[PDB]
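Note that one protein chain of the assembly has been removed; the remaining protein chains are unaltered in position.
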Amino acid sequence: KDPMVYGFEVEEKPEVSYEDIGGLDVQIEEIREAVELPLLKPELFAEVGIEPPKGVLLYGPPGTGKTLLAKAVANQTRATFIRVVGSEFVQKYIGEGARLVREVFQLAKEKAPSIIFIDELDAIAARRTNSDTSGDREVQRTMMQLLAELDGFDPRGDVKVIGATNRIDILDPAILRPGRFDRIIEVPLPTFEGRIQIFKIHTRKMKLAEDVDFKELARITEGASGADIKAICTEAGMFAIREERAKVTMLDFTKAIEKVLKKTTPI
Amino acid sequence: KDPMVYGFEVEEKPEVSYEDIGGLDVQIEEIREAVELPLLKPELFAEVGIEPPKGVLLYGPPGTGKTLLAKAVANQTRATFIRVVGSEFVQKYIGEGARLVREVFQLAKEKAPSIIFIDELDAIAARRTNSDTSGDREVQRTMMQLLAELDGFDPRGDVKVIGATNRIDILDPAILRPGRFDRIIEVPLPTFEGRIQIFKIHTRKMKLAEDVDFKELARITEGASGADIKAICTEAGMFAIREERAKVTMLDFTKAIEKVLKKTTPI
Amino acid sequence: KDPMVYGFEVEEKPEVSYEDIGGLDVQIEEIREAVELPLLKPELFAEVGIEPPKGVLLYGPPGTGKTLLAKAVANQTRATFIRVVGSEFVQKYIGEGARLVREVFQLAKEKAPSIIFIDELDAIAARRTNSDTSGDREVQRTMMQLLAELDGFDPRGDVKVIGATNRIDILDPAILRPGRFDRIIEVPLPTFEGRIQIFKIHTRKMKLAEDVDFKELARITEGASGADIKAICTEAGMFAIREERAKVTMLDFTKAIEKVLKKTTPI
Amino acid sequence: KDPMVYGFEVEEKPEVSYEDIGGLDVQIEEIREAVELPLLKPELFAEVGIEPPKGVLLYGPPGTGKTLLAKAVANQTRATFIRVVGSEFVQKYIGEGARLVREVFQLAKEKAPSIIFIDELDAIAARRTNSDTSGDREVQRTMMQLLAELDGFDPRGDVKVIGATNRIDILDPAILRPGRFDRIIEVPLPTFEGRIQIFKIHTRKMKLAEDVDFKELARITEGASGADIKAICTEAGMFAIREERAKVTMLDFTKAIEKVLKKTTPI
Amino acid sequence: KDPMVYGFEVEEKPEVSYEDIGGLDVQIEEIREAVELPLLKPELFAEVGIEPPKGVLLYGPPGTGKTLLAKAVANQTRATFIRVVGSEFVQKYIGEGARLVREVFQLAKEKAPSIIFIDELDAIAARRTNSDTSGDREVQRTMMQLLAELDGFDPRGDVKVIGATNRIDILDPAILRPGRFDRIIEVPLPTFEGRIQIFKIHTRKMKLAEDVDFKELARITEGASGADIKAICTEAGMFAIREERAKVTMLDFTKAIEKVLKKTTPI
Partner (left out) sequence: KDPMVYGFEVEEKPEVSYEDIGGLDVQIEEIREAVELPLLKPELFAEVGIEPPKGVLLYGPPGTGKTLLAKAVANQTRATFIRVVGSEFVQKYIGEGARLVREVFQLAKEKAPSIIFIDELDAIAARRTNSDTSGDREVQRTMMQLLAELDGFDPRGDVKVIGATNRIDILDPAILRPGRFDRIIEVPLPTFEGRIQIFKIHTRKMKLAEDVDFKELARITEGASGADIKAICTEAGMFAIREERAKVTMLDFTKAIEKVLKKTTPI
């Protein structure tokens, strides 16, 4: 009953895999497993006795590759990858958003095995409630619907809903609890070695000089996220273009670390 | 009229069943008194001469369990278990919800004995504040139909409205009270012994455990919810296969209780 | 007659009479003089030269048996009790609501005297703020229709639109102001004499009780509502059932009183 | 002879004349000069040089008696009085419907001089969203149809348009522009002298024995409305029955106002 | 083929070049490298093996000419230009604001290459911590929807935002980080030199000074925005009409510097 199945991009697998992400290695493995083993290895569960987890919640500072973690799971279990955005519920008609939730779930059930990937939970959950609010009351009646098709009366299924958000601090605690969203995976800012892998992903695409030491660059870029690193390389390339080289030398990388980081914040 | 799955649906199939009556065990006895005792033995109500309780309002924090409770009971009764959901009301068009509330209830009378488990509908029922906005007032109307049909003017038959709500800090005084339920149930976080009963079921499913001490798990899991415990159990399974074991060990619980509460309990 | 208003009428032998309500007590007598006194005797209002009430408004604290009292008066008027519900009005087009208010008043003019009981005046006539727009506008659309008929321009005969509301102020000032609903009878919470009498209605239908002291019973249940007295009674009776006796005694009440009291106090 | 526009007239002179409406007293004269005088002789209005009202809107808080004043107009124009409800202008489907709006105005042109009263413009000149489809289009359409039609037959008296509205703040400017209505008569809540007069007329029909001072009661009932006074009277006679006196006296009104006033804006 | 979002596409083909605006000459070079240049020659990005910039985020005062930098670019690239005022989004009809950014984005992919200018990120950015319980959540739904399309899942599509803001400290963390706006550009009030350039352009549109010297004027105009340097020129022309010369010269220009500053700084 969905022409919104085009807005769920059921076909077109992404290009981002586990090898297009990295330096968040501990995180890849739990989330990977939380839907990968249930689907390809369900006999392993039988034998030990294991309950299938019914979702994974992801949170973390912005730009750490949450989006990328989701894409990688979607790509590499190739089974029904339902991408929705929580901001996509709630319309001008009086409880259309909640109707709309019921549609995703009945659709996922039919098309099961299925993984639902929700981007942004901050536009569809609130940890407060309030009564007689214009912008914060129907969004609580499409949340309340949600709680409630994911697990509730309606089984299980084979979802496995991957939630993603930029802050869990303004999210309703019903989402926040396990039993559905059973592995609560924090994704932190990357570490010393971590910033080094992220560098090499973009650099793998690029040409470089052979006096390029990642270890030195990663020292400078301490307290920055994966998104700051992508932009550093990009911007470093722009310096390569102006000066007409088909490679990025070490000195551009240091210019870029100074440029990008400086124009974000003065720590 | 024209009923789709709406309430009409009746199902009571597993996982939640009459042998996964995890609790919170005094609380289950209270549901059995309210619903199942006049259903199975009506003559006892003729001797006292009371009106049999008309509904069980279960409330609590999330995941503590009330979906639980209500389905486990429902399989026992073998009654017409009416499943409606918490904002399937007013789909896009208006007063739609008021016609659903009536429909559900009228069919229920015909199919009485019948039980109406409505997920979160008590929480949608909220107060109005003057002047203030015209709201969001229109959904609150759909609540008023529920009061009228339950025993407001039109007899119940043998309904048995099971309420569900994540807050008692969101309700109008006119749903809260014992008058549309009567049997108002606090479902708190599971008792010391209560908590051991939840682990028992899960461990049963998870074969061999021979060094695990469930009581000790209980001291560590002080003031965790019922859905929390089930994820603890799930992650203990997971660490079991990460150590490549056919059974779940005592370390495996220690790690999962540590992981599960950390991400979800504030400092 | 279209199905609509066919089916609004007529409730044959209502449960509830004045020996199935009692305990308040003065405002009971006031309503009964207000509707039953000119219906059974038009002469007394005629001799002074006054107009009987155009309607009677019931408001205030939930649980005081407002709709219950309506079901009492219906049994002794036998003047045609039109049961419409404030939420029953309004559907998926506008003016289809209007149609229904126009139909009930035309129908009533013929049955005159007759009782139009509108469950919630506030559904179809709520305190506006502005258009937010789907059904909110329809509400003040419908309010226009109800006025209009009442004795706005069109002969009322001897109706007698009797209302009730869940909240103090949630209604347009027009309806609030008397001269349309002309007696504003606050049904308040029962008196010291009134709470004893309420327990008595229950005692009538719940067999045996003499170790109970009605006065002291009432004294404890201060600040409760008629629905709460009923709820205690149903709880008490379950208490007795647990100790297996068909007599209700005081100890059964004390346990039952506590259940309700836990909710509402500590202050 | 379409049943809908034929059914909106006539009563062959309603109940109420200017005699039976108590004092305002001076704003009665404004209405008499605004409506009645230009109807009988627009030829005299032209000869003077002035332009008669496009329409006259009655504005004031509820209960001042606005539609009460319209019944008075009705008896004394002698020109066929249209009682229509603006709630019936918007309808369930279309050009019944929209056409009904042009039909009423056509009826006026052949019945002329006449004298069309529409009655509340609450929810037929409010704001639309452009649009919410089923609600809005009806209201937006009917808004335009009203304004064009009254404009195009009044440069000068032909068909006089009268109306009234509950408030002029609950609807957006549309009918407030002096291209449309330019003469809006404040129908206040009544002067000190006005109350005394209303009290007088109501006791005029009433059988009493003289010791009443209508003036003392007026000081008391300052800050009410004419409909409350009517109520005070009906309750003052009802009191008379309860003492079993077939006469009303001062003691009874003083008491009667105390009851009514109390359920109302306060002592 | 809906005029509702198709109207936002091309602005009749701009007339504004990057030599019709200046004074922000450093900033102009930056914008061209990031946005224009990919479109100009793809192979440079291939050569260095980089992912091309997302685009530019401009911040700064008001009047600076953020619009004019998008207008310039659009003329020069020979590609789709979609100009949207970003504060126009956000409706009091809940989730219509989010719908509108969703469609503009999807349409941008249909007509790729495309540039969108989302002006003012102030009124489409909220504060997570409470300040307006209904205003923050609403704004947030619009914000996280446009972000969703921006790189939540759905590709760039060779879009190319390009988007301005008065205040950058009011933005949520989500949009603030790069990778949804790759190159954050400071665009400050005109420098010393910046005055002289802006002036010169605008006086080439007039009759031009006869007694040229923009350095004197510049000293005085320091501490104003770019619109304000223009503004003086326009004030100068009209002053010319009042004098009865209608030719602009240094005397009109200096008298204008004074006349606009009279308002501005208040000695």
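Going by the order they are written in, the chains are A, B, C, D and E; count residues from 1 in each one.
Here is the rule we use: a contact is a pair of C-beta atoms (placed from the backbone, for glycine too) under 8 Å apart; a residue touches a chain by one contact, two chains touch by 3 or more.
J.: Considering the complete complex, identify which of E:88, E:103, E:151 or E:158 is in touch with the unshown chain.
T.: E:88
J.: Quick one: say which of D:11, D:96, D:172 or D:193 touches the chain that got left out.
T.: The missing chain is touched by D:172.
J.: Out of E:119, E:149 or E:172, point to the residue that touches the absent chain in the complete complex.
T.: Of the listed residues, the one touching the omitted chain is E:119.
J.: Which residue among D:50, D:209 or D:251 touches the omitted chain?
T.: Of all options in D:50, D:209 or D:251, contact with the hidden chain holds for D:50.
J.: Which positions on subunit D touch the chain that was left off?
T.: 33, 37, 44-45, 47-51, 127, 129-130, 144, 172-174, 177, 179
J.: To test your reading of the contact rule: which positions on subunit E touch the chain that is missing from view?
T.: These residues touch the chain not displayed: 11-12, 15, 67, 85, 87-88, 90-93, 97, 119-120, 122-123, 131-132, 134-135, 205-207, 227-228, 230-235, 237-238, 240-241, 246-248, 260, 263-264.
Here is the rule we go by: only the chains that are shown with their structure count from here on.
J.: Once you count every C-beta pair in contact for both, which comes out on top, A-D or A-E?
T.: A-E
J.: Rotating subunit B so that its CA atoms sit on those of subunit E: what angle is that, to a multiple of 5 degrees?
T.: Fitting subunit B to subunit E on C-alpha positions yields an angle of 120 degrees.
J.: Averaging over Cα atoms per chain, report the distance between subunit A and subunit E in Å.
T.: Distance between chain centres: 31 Å.
J.: Indicate the whole-number Å distance between the mean C-alpha point of subunit A and the mean C-alpha point of subunit C.
T.: Chain centroid spacing, subunit A to subunit C, equals 54 Å.
J.: What's the distance between the Cα centroids of subunit C and subunit E, rounded to whole Å?
T.: Those two chain centres are 63 Å apart.
J.: Identify all positions of subunit A at which a residue touches two or more other chains, and write them in rising order.
T.: Counting only residues that touch two or more other chains, subunit A contributes 92-94, 133-134, 137-138.
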